[PDB]
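Build the full structure now, drawing on both the sequences and the hints.
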Amino acid sequence: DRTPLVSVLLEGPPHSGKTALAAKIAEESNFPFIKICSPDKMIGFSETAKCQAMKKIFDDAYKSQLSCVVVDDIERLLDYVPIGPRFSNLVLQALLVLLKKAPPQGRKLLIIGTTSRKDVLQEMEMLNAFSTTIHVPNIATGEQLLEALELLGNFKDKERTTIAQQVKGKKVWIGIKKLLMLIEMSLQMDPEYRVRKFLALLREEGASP
Amino acid sequence: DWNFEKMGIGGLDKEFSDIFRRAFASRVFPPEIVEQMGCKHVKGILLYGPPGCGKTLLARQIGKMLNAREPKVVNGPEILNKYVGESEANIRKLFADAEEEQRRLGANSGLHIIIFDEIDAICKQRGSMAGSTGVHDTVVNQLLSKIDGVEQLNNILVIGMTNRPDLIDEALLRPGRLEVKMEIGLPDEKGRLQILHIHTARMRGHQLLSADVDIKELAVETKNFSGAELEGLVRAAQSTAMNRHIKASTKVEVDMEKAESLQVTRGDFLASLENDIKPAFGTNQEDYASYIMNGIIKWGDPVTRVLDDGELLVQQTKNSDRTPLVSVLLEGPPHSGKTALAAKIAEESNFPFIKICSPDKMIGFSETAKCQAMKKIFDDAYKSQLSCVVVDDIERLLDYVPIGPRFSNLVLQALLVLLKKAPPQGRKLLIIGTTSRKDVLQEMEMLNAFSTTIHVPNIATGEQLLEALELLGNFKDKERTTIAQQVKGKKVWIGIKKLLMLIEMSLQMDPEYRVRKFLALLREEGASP
Ligand SMILES: Nc1ncnc2c1ncn2[C@@H]1O[C@H](COP(=O)(O)OP(=O)(O)OP(=O)(O)O)[C@@H](O)[C@H]1O
Ligand SMILES: Nc1ncnc2c1ncn2[C@@H]1O[C@H](COP(=O)(O)OP(=O)(O)O)[C@@H](O)[C@H]1O
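For the protein sequence lines, the chains are B and A, in the order given. Residues 532 to 740 in the authors' numbering are what the first sequence lists, from first letter to last. Residues 212 to 740 in the authors' numbering are what the second sequence lists, from first letter to last.
These are calculated hints, taken from the structure and not from any lab test. All clues stand as given, with none of them false.
Taking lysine-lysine and the PhoX-like style, the derived pairs with C-alpha atoms no more than 20 Å apart in a straight line are:
1) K566/B x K555/B
2) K572/B x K594/A
3) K335/A x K392/A
4) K728/B x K699/B
5) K529/A x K434/A
6) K304/A x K283/A
7) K687/A x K728/A
8) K581/B x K632/A
9) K566/B x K632/A
10) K572/B x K631/A
11) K586/B x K335/A
12) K708/B x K632/A
13) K566/A x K631/A
14) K709/B x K631/A
15) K709/B x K632/A
16) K572/B x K587/A
17) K581/B x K335/A
18) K572/B x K632/A
19) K631/A x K708/B
20) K572/B x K335/A
21) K587/B x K335/A
22) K728/B x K709/B
23) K586/A x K581/B
24) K254/A x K283/A
25) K586/A x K572/B
As structure tokens, this is what we get:
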């Protein structure tokens with residue numbers, strides 16, 4: 532009752548799977564009113580239109596005894612691009628004002644964010660508004676890679692052994708979505724050369740943490 | 212009576228049954244039980260889909276089915292007038308007969324039908340902010356007041372048709388107003404079969420069609436036709452058959468009975484298919500001739516490598532379930548001929564819907580117009596079971612110039628967003644980009660959105676240039692030997708288009724002095740990366 536408004540930021544490396552986890556949390560919330568404010572439904576909008584859309588979503592969110600709103604891929608809303616830099620000021624000011632506005636008496640709210648560039652948000656003095664942050668990591672060991680390959684269920688036992696013998700000798704750094712894409716790309720060759728191409732792609736993609 | 216087929220509509224099996232069940236189930240049941248229950252009647256429905264797929268026809272047929280009076284067709288753009296209180300007056304004139312007849316006859320009145328066409332051009336979301344009210348904030352208010360107001364009308368039905376179902380107000384779609392929504396999409400094989408039967412029943416009856424015409428074949432041939440396209444095909448075929456009959460009669464003194472025997476039509480169908488009808492949601496054969504103009508000549512292994520990689524990507528995007536969206540980027544030095552290979556891959560794709568987006572058609576356009584054009588192209592691409600879209604130059608769409616640097620941010624955001632949006636369930640897409648400056652793209656952080664990259668190199672050996680000259684076949688044997696001896700050294704660096712231009716320029720001198728000019732031009736050019 533002393534904290535009617537809460538916030539949280541989910542951040543990590545790209546191709547790591549943030550939106551899915553945010554949606555899963557929202558679904559498991561069991562709240563009467565759940566919404567998503569994504570940037571792919573505002574293609575071509577100017578600044579003021581985006582401001583109006585965000586305000587309209589939050590106005591509706593303010594008319595229920597409970598709520599939950601997800602703002603995902605913030606850096607797309609702000610219109611950021613490293614050259615310059617350049618971005619939109621009106622949207623940033625609107626978001627900063629809305630992140631600390633209390634609903635009418637007796638009602639409650641919860642906001643979840645998402646991003647892939649934490650430092651750039653830190654430079655704008657934004658992390659002073661979010662109450663806390665959570666970190667989503669990538670795959671960082673051969674055992675986890677083999678476990679994921681098993682759970683997906685693509686390769687046989689002999690191929691599992693062949694890949695393990697070579698891949699258990701060091702550490703790896705790869706996201707989950709990229710892993711699915713690599714598997715799908717590998718499966719287009721003839722049955723003989725599948726594992727070789729998979730290993731070649733994995734070696735090429737591998738980079739220092 | 213339902214008999215969807217008898218009425219004159221084919222391919223609408225479920226989008227008719229659901230309508231009949233949900234909306235019209237309380238108009239035909241015995242009045243006694245309906246009155247005993249005490250349930251009102253639905254007050255309208257909404258139809259949205261691609262143009263030319265048979266919406267207005269369904270509205271008129273529904274109107275005729277219920278013994279309703281003559282519908283009042285209205286066009287959305289025509290209601291607006293520039294004086295105060297003229298648009299509202301027009302919107303308020305359509306509901307006169309219903310009010311008068313209910314006031315007179317009590318509760319035994321008939322049924323009136325009103326058809327709004329392009330309902331999204333007068334009814335847009337109202338502006339909440341003070342001082343930011345729209346210009347058409349009164350038409351919507353008048354329409355909302357009339358549809359369901361203080362005085363009830365229980366003898367009306369409003370049918371609205373549109374194409375952009377997401378711009379319409381949200382107070383106009385609650386269960387009281389226009390509470391049923393339906394989608395009419397492009398017909399599949401069975402729908403085309405039914406439509407062709409409906410449109411050739413008359414010719415079959417009058418005994419004019421040949422015995423060698425097979426409707427199933429023509430059903431398979433047309434892949435993304437709508438109804439209007441099929442009807443136009445039939446009419447064009449019959450017209451060309453008439454023209455052939457007249458030509459045969461005039462050319463020769465043959466008996467008229469022979470001409471009437473020739474009145475049967477077999478080749479007309481294929482001729483019209485290949486030369487008369489141009490689908491909007493189908494492959495276009497007129498553009499590849501304008502991009503791959505001089506053809507693909509195999510001068511080395513790199514061409515084979517690139518084509519094989521493209522084929523692999525296509526085969527992946529066809530037969531996958533975990534990746535409905537795939538992207539690829541062709542990058543290389545200038546004048547290497549990237550657009551030609553991209554178009555060749557697209558042509559060899561064998562996909563129902565192929566389109567090319569290039570900046571040549573956007574001269575003088577402001578950035579917002581370019582955004583709208585790209586959005587429309589992708590929106591069209593989202594309506595087919597398979598697709599392929601080509602973005603020609605990703606460096607002129609941005610208006611990049613090294614000084615500054617200066618470019619347009621909004622188009623870049625549109626591109627970055629549109630490379631991640633997946634199509635509706637079950638449909639698949641493929642995107643091929645073509646660029647000449649990959650480093651600047653990497654600076655903008657666009658190179659991480661793509662999936663894979665392909666490299667298109669230049670000629671880098673003497674024997675490759677000699678083989679290219681052989682394939683082009685311009686110079687004779689002695690000049691061939693002279694050139695081969697001169698540049699046997701493998702330190703050449705030239706683009707294919709530049710090679711064509713140099714050959715054309717060098718050919719303009721007299722027969723004696725032709726090799727020297729070509730060699731001088733080649734030497735003047737660069738010789739290393
Ligand atoms: N193997 C080949 N690869 C590419 N183009 C070829 C080949 N053989 C012949 N050509 C011809 O070369 C020309 C290719 O020019 P194209 O328009 O693709 O250039 P480009 O690389 O897009 O140019 P720029 O980057 O300067 O805009 C076409 O006439 C094509 O017919
Ligand atoms: N399902 C169908 N079966 C047969 N013909 C159709 C069908 N749908 C459309 N047509 C043809 O298309 C023509 C025009 O359709 P139209 O009413 O203009 O559609 P829209 O509402 O998209 O403008 C009609 O005259 C009709 O012959």
